Amino acid sequence: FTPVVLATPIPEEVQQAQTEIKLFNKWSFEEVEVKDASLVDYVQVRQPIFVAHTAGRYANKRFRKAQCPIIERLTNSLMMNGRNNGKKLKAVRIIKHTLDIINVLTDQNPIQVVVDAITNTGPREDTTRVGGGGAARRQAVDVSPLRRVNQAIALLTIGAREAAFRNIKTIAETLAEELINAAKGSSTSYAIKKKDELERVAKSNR
Amino acid sequence: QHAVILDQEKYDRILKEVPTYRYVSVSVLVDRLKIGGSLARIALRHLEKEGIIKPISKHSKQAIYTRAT
Amino acid sequence: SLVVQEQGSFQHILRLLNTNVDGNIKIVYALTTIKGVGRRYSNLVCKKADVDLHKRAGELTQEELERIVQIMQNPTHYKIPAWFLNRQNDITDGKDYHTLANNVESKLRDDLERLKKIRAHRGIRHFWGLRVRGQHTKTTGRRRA
Amino acid sequence: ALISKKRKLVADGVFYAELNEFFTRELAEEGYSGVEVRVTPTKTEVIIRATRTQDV
Amino acid sequence: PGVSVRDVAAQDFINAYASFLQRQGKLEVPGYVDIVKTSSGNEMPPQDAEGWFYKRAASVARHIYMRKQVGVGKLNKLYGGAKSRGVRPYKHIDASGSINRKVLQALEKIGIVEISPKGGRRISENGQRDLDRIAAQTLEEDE
Amino acid sequence: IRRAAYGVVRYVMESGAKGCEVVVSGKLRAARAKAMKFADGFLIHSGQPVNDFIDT
Amino acid sequence: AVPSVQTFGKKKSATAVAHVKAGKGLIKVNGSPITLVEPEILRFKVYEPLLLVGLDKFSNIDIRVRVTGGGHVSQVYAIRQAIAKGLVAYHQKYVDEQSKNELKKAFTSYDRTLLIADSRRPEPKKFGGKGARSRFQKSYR
Amino acid sequence: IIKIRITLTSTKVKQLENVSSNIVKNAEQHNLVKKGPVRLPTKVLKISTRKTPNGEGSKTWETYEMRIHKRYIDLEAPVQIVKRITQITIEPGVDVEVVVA
Amino acid sequence: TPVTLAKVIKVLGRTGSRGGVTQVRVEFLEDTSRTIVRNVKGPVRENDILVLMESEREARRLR
Amino acid sequence: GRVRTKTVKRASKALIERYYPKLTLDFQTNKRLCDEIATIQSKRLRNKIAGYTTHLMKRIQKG
RNA sequence: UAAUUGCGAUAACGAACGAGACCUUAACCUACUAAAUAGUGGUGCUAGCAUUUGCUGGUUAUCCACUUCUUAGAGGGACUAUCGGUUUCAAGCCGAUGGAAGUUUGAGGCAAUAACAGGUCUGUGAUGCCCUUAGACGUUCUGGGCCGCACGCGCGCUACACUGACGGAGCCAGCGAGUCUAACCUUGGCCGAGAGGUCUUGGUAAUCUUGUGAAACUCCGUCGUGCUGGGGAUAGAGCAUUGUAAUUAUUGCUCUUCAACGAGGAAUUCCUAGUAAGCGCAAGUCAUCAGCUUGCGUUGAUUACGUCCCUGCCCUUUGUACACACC
Numbered sequence: 020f021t022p023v024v025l026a027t028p029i030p031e032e033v034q035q036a037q038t039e040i041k042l043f044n045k046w047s048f049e050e051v052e053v054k055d056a057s058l059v060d061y062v063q064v065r066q067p068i069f070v071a072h073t074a075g076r077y078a079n080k081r082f083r084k085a086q087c088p089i090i091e092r093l094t095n096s097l098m099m100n101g102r103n104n105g106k107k108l109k110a111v112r113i114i115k116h117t118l119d120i121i122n123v124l125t126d127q128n129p130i131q132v133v134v135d136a137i138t139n140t141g142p143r144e145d146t147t148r149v150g151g152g153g154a155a156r157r158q159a160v161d162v163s164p165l166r167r168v169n170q171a172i173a174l175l176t177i178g179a180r181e182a183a184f185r186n187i188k189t190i191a192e193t194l195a196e197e198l199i200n201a202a203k204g205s206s207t208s209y210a211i212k213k214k215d216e217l218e219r220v221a222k223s224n225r
Numbered sequence: 037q038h039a040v041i042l043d044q045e046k047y048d049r050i051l052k053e054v055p056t057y058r059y060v061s062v063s064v065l066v067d068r069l070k071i072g073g074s075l076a077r078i079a080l081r082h083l084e085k086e087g088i089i090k091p092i093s094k095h096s097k098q099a100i101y102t103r104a105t
Numbered sequence: 002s003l004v005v006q007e008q009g010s011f012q013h014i015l016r017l018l019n020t021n022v023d024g025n026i027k028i029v030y031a032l033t034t035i036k037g038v039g040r041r042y043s044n045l046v047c048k049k050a051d052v053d054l055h056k057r058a059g060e061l062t063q064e065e066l067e068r069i070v071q072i073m074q075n076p077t078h079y080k081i082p083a084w085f086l087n088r089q090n091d092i093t094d095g096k097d098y099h100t101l102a103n104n105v106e107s108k109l110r111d112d113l114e115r116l117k118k119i120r121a122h123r124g125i126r127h128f129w130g131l132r133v134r135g136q137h138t139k140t141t142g143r144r145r146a
Numbered sequence: 003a004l005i006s007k008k009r010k011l012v013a014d015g016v017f018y019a020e021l022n023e024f025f026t027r028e029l030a031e032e033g034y035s036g037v038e039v040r041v042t043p044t045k046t047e048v049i050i051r052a053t054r055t056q057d058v
Numbered sequence: 002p003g004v005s006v007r008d009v010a011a012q013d014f015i016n017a018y019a020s021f022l023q024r025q026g027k028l029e030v031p032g033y034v035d036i037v038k039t040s041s042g043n044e045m046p047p048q049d050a051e052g053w054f055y056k057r058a059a060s061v062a063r064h065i066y067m068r069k070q071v072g073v074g075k076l077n078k079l080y081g082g083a084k085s086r087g088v089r090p091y092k093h094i095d096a097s098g099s100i101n102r103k104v105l106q107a108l109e110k111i112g113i114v115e116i117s118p119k120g121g122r123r124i125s126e127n128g129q130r131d132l133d134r135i136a137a138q139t140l141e142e143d144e
Numbered sequence: 115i116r117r118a119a120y121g122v123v124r125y126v127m128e129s130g131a132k133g134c135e136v137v138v139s140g141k142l143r144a145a146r147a148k149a150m151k152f153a154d155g156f157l158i159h160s161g162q163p164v165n166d167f168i169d170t
Numbered sequence: 003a004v005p006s007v008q009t010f011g012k013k014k015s016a017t018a019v020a021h022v023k024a025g026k027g028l029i030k031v032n033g034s035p036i037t038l039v040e041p042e043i044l045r046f047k048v049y050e051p052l053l054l055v056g057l058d059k060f061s062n063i064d065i066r067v068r069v070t071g072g073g074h075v076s077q078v079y080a081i082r083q084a085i086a087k088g089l090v091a092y093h094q095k096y097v098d099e100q101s102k103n104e105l106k107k108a109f110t111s112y113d114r115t116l117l118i119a120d121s122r123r124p125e126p127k128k129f130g131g132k133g134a135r136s137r138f139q140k141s142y143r
Numbered sequence: 019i020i021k022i023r024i025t026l027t028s029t030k031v032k033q034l035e036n037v038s039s040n041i042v043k044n045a046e047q048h049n050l051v052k053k054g055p056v057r058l059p060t061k062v063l064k065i066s067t068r069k070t071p072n073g074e075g076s077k078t079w080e081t082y083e084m085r086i087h088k089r090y091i092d093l094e095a096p097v098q099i100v101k102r103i104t105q106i107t108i109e110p111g112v113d114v115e116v117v118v119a
Numbered sequence: 005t006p007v008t009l010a011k012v013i014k015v016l017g018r019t020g021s022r023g024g025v026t027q028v029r030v031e032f033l034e035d036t037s038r039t040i041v042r043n044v045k046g047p048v049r050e051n052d053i054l055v056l057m058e059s060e061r062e063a064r065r066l067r
Numbered sequence: 002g003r004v005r006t007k008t009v010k011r012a013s014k015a016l017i018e019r020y021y022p023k024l025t026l027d028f029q030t031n032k033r034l035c036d037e038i039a040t041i042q043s044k045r046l047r048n049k050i051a052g053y054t055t056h057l058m059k060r061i062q063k064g
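The listed protein sequences derive, respectively, from chains A, B, C, D, E, F, G, H, I and J. When we follow UniProt numbering, the leftmost residue of the first sequence carries the number 20, and every step to the right adds one. When we follow UniProt numbering, the leftmost residue of the second sequence carries the number 37, and every step to the right adds one. When we follow UniProt numbering, the leftmost residue of the third sequence carries the number 2, and every step to the right adds one. When we follow UniProt numbering, the leftmost residue of the fourth sequence carries the number 3, and every step to the right adds one. When we follow UniProt numbering, the leftmost residue of the fifth sequence carries the number 2, and every step to the right adds one. When we follow UniProt numbering, the leftmost residue of the sixth sequence carries the number 115, and every step to the right adds one. When we follow UniProt numbering, the leftmost residue of the seventh sequence carries the number 3, and every step to the right adds one. When we follow UniProt numbering, the leftmost residue of the eighth sequence carries the number 19, and every step to the right adds one. When we follow UniProt numbering, the leftmost residue of the ninth sequence carries the number 5, and every step to the right adds one. When we follow UniProt numbering, the leftmost residue of the tenth sequence carries the number 2, and every step to the right adds one.
Every clue listed holds true.
Straight-line distance between alpha carbons at most 25 Å, and here's what the computed BS3-like set of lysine-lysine pairs gives:
{"#": "1", "chain 1": "G", "residue 1": "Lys14", "chain 2": "A", "residue 2": "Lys80"}
{"#": "2", "chain 1": "A", "residue 1": "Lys80", "chain 2": "I", "residue 2": "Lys11"}
{"#": "3", "chain 1": "E", "residue 1": "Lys56", "chain 2": "E", "residue 2": "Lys78"}
{"#": "4", "chain 1": "D", "residue 1": "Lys7", "chain 2": "H", "residue 2": "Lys52"}
{"#": "5", "chain 1": "B", "residue 1": "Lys97", "chain 2": "A", "residue 2": "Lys45"}
{"#": "6", "chain 1": "D", "residue 1": "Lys8", "chain 2": "H", "residue 2": "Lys32"}
{"#": "7", "chain 1": "C", "residue 1": "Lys48", "chain 2": "E", "residue 2": "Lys56"}
{"#": "8", "chain 1": "H", "residue 1": "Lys32", "chain 2": "J", "residue 2": "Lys44"}
{"#": "9", "chain 1": "C", "residue 1": "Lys49", "chain 2": "E", "residue 2": "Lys27"}
{"#": "10", "chain 1": "A", "residue 1": "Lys84", "chain 2": "I", "residue 2": "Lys11"}
{"#": "11", "chain 1": "J", "residue 1": "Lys63", "chain 2": "J", "residue 2": "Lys14"}
{"#": "12", "chain 1": "C", "residue 1": "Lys48", "chain 2": "E", "residue 2": "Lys27"}
{"#": "13", "chain 1": "G", "residue 1": "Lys107", "chain 2": "G", "residue 2": "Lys95"}
{"#": "14", "chain 1": "H", "residue 1": "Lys88", "chain 2": "D", "residue 2": "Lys7"}
{"#": "15", "chain 1": "A", "residue 1": "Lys107", "chain 2": "G", "residue 2": "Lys132"}
{"#": "16", "chain 1": "C", "residue 1": "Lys36", "chain 2": "C", "residue 2": "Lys96"}
{"#": "17", "chain 1": "A", "residue 1": "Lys41", "chain 2": "G", "residue 2": "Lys106"}
Calculated directly from the structure, the hints in this document are not laboratory data.
Generate coordinates for the entire structure from the input sequences, incorporating the hints supplied.
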């Protein structure tokens, strides 16, 4: 490549590794594949970024929320349970750790692990309390793709927090185990469990 | 319900069973073997020092050790 | 690292100052099971005994234990400054006294009965069993048990 | 004096307020309306505004 | 190439100068080092009770070499945090000014800083060449 | 009340303002206060025109 | 002699006053280099124009950027778009519209608004609430 | 010729810049180096108060900004010019001050 | 279960009692002659891809 | 919504009534022409009036 | 349509108010005016490294110029501009580009006719009528009281910890306020473990406090899931400041005491984007005392861009045995 030297001392791991191919800090958003063609153009993995801490403008129309690079929406739902509202630097730190741990536990592309988990884990029906008149009847309903990826992101992060809450096994570890056992149909990860529950109650109530 | 001091027996169990893993952190160490965390971090410093495992991502909140080979 | 694999120098829960102490935790928090010493006082007395705090309380045997208890109950002989103590001027004697395990609650009763035979307002509200600092009662501490 | 401009301008507003209620009670029989203040060094002025200055 | 302390990172250079004054062994530390909390915002003494004062001297050296001059109210309002002051909410908290003044006495008697015109105490020539040599050490240790 | 405020409104209207109203609140004839609102011409109530185009 | 430009970078309440002169490739922030900016994450987020466009774009220019206002996050955002639009105005004035449009289309095909300071400013606190929209709890009984 | 500084304050902007226009007119006339006059950021005295007597629910509040304008001009002139531009250039509503050193 | 793919033809309008279930006509992505009305939960744009657990429900307006 | 009011719409109506041999299909021409020809009290309302005049002439050229 | 906003249609035609418009404040401006009461560039003088020609700094003004940022007088700028679609082929909306911004650009000030037996006679030397007026229902003073405590309710703070606590270490704001016949804000120097006290400066304030070096934050670590180093009420002992006086701990500091609480039911509160939510500051209060409110920044989201199902609100129709008007 012949990386350039200059009056500034910047390392070749900064420049030559990441100039001319702008992957990520490592583990590219390039050569990536979505499994099912219902997450195509609802999950913007078409462009690589470096850090999911971009000052998002994306709720300010209806559907621009779909064009956040999905690491952003993962780390943006990572800031819940009240006392961790607005702690975005810690949230991106946790995402970096759990992707490194995904890299350790599986030599596959961690972003591929995450997006394939989203595909495997998004609930594809819903039950909805409809009144009509009387005593709270339920109805099955199909789900929007964007609502599906909404529900899936929420499920993965929720299972991560509630598992690692009183437990010494840290949040990156539990999130990565959720990602592995969500990528595979393990039925040992919470989000796969709840996908089974909602689709089961839809199958009952339809 | 964990341990808090060494015995040279669980020490050798670390010496054998940590290279069986390819992912090492204090919490997975004290979940598999029986340590109270702080001694696991002492063990992680020792297994970084005498190279038996591989730090890839050290952070004061969280260290990620892995298989050397 | 700092790993030590001794089996016999360590042992579990021991006893100091008429109180059993779990030795499976470190010293400056381990001594705080003694009702009368705290984190701050245990910190400073282990610093004045010069014991390394990277070890737990099961080891660090009897001679250093006498070092601990003597420096604990003789503060002016081991140059703890006076304000650090827990019963400072102590009306009946004038000399200072860092009170400890049983004597903290014994002298607590002694000062209570001291000013209650005096029949001051504080001892009156103690014997009446209500809140003593000049605070509101009419809403909190209900169902006080 | 040696008073900061905040306190001075608040004092001037207070001054106008107090004169206005004073003349409002005094010259109400006359047909009084208001006060203009001409703050000048060397003998400042107060412009009383009424309707019947022939009786003021 | 000519190195300043703005050329070197924070925590690295601080730890380096802390161990530097440990290796030099002259600081005129107080005799009560294990006692003072350094701030009422604290709840425990500095639990690295052997190099905290070397490290705080390194901190005030770095923080004076980046700035013009200081006295003590700067230092107290800086290093003091927010006290867990009870069931009442937190606030901002003054620190221990006495450890700060003893630090500044130490740095003058070494020849780090001097008391300065236009008030305050500014860094002197021996302190500046000192910090330059030590920042050079920290950036030359990189194999 | 009615004759007096009519005279007032008639005077200011012929004196050349574009709008005037006079509210007399309080106890008229009986022991229960009733307002009277005397207006001729047109008046604005809305924004900054009210401040720089109305005395009250 | 001595070509120069000073530009700016702002976000919510931060101001970095950028300055690009001709030089040798010495980049700095408050005298410190930009590789010491310590939110520890956004090192690459402030390298972002350089890692985007290349470092040979820094052939013979040196930078100084100064910060006041605006927290930690928004002040390193001030640093990054200061250095970005400063290099942009440099390629306006001292080289041509071709390379200026190359750089501007680089930043706007990577439109993270390095060419417009982002214009969302806070809202004032109001009564009824400890914030701008929200209210207290009301009791009703 | 004396290194003087006039400083002006008011709460009426039209009249304030009118006074400033008149002083800058005379300074342009008598050709002094004058340090072209300086806007200062306003002192905006807010008195936020309840909108009620007696105390009463729905607990509103109004605000009452006043704003205060301050300006200064920096001149060099002989004593005749000084007293001239001091005491022929006055106008109600604006406070003037002169400082000599 | 042979899951059904689908593709949006056109929305009709959010119905249901509380309003939060849209109705969309979709084509089965392999049979362009067969489009079908279908209740959807979240937000649905045009021309995107639906998944179905069955194809022969075609439920109605909800109140 | 961008529904203008009658204190814009009648003004622009009468303005194209009595100045048709001016006032082309360019907003900036129309705004400067409004600032010279009209009696306006405020920049923002003037911008509104000229925009609606521009829209009217734009409908005039088509019919 | 945010709208009795408009396009229109028509026994109505012209209008007035209301919305709007207007006014503040936030954003954008390489464009004029200028800024030792703000910056910047250069020059000296000088610290230090590298030495190579460079860099980091100081340097009240050593001294010269400029206004990018701060500022604010003057303005400009947006009109939904341009384009496609959509519609009686209008008012409008929807999407894309452009730009500082396209929900009325945001957010406010203002906001009508008619009403309430809504609050205030205790803000008022604003007032009526009843009442009292010298052992007073006037003052004034010394204590007490409003702070009492089986209990029911409203608002909030701290929390139930590892996304955590603790300890180093980095260290970043905006609104403000501040003393002439007073002790206001305090930099700084000393002493104190701390609270604070001293010696004295600066400042009537863009200067001095002040970049208020705020908190959260983030790095390097101690702790290991244990009501434990979480939580920190209770409670004792001492030490100070404010005040004529501090007990019915004023409040602050130092040690010790470690309670209930393991994310909390039926119910129910607030919010659509720099927003909620977390995070502290300044002010009103003040001799001290904020856990409150009034406003400021710091970090900054998930989710719907809908509906009339519930709480209600506007217009029309229909119905009434209601008019104090469904209580």
